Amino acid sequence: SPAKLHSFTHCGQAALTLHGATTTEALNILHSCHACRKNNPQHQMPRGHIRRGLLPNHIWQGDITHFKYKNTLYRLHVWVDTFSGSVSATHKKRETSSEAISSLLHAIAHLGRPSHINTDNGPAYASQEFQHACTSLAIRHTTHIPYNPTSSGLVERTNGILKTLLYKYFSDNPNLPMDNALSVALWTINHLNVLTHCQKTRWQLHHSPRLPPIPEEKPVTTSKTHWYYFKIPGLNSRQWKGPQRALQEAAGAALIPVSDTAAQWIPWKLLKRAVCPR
């Protein structure tokens, strides 16, 4: 019998077929095995994409990176516009809620006032002071899933780009001051470099006529939920967990009960489809 053979050896599809079974029965046996699905790291689910603004100064992404220069650890606060790609960056000595507020104000002066900003769960971003500052100018601030840097991917990418230019600027002349390098790099990024796919400059997109208005959006989501094996983003696990049933499914993530007490938001890339128990 294929079922007992697979229960003993956990052989594959063709092994069950050669011992006598149709492709459908063998594939069903494979899909119904909890052991063969909790221990296989392979899975197949759709990809997620960060939310993008519909016009300039709609949604911004901000992050803090480090830079080593002449035995000095500079903290670079970077803000990027999710529509035009325009970048504002300031260099400081440490990281703090007050410095995040100062960088936000400088970015607003350089680019304009945004409607929403989304950042990771950094120590200086969930502080009460930052929330008060955002509410002062009526800026809605949300946070990503903790321990999931891909959700801030755009700004992360920008960080690398910025740092690369700095290295070039320090390869020719190691005695160049940090402020000069940062200003020249910002000028090059925003005014001189041309975006790869739209074949335009970030500054040109930022200040292009706003004549196209906003297309209307729909908050309609799927009303059905599924079962999922899951992995917690904070700590890497070798094998899947569950399966559990999603309380509610969003675009790019799902609400999964990790314990019997409270649930958690899990991105699509740490989830695996599960067969319905009933």
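Just so we're on the same page, rigid core means the largest C-alpha set that superposes within 1.5 Å between forms. Positions refer to the first chain, counted from 1. What changes on going to the form deposited in another entry:
Once you line up the core between the two forms, the Cα of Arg238 ends up 2 Å or more from where it was.
Core-superposed comparison between the two forms: the C-alpha position of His226 differs by no less than 2 Å. After superposing the rigid core, the Cα of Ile64 is displaced by less than 2 Å between the two forms.
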Contents of the next structure:
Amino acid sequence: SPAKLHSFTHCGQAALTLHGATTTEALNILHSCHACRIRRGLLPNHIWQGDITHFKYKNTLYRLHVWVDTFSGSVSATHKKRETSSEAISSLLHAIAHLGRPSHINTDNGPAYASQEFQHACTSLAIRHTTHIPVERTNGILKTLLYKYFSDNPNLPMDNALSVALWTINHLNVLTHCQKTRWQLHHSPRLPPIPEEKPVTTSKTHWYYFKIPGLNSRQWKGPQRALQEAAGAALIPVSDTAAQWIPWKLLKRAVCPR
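Requested next: the structure of the form deposited in another entry (the form deposited in one PDB entry having been shown above).
This part shows the chain on its own.
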């Protein structure tokens, strides 16, 4: 339901177009809502930007540690009550867990990112860190989304709102230029290299002996090729008409009959 999705999520109209709603319905929903009415890096996880933002509330302050990829705009945000070097390291590690380990990192000067602890943390991860003193748009859209979520309901633990906002920015909203979501563009597999003077041979997957689950048989029925493989299962076409996901415990490696 695009209507309830926009009520909870407040995502863009294009995101609604990728769902069941079409352009006219997406525009109608977008304009009917009371509340809604360059790149330096060369590859994903190549150069990051690290900002620290103050979130103003009616009776308290929050610290938003934000790491933004310079190639896809992927955002990793962490909420804190104070601001020291230890929490900077914690936010960096959380960003690495969510996105991966970048090769280069960049951030502004301050009490954090300049102590020996942060340099020690970056050294063990083989991350080179540079400092410059004077993106700012992802921060702004994050604050606007948080404000909209708090306007929809004031009874939030400040954690669910942040998690939902990150989900909306990365997985739901779609970029206007490349027509890709930030997660899709960041995690799109790259084009493999093409060796010269050598044909690109098709990769051949091994054959398997398989047993039908739920039959308690003790026979492996024929060496046969696997269409697809996953975690804990693999596609085996049991006949010339249908295929089934067989667990690894019922599969045995084989050799091509030749």
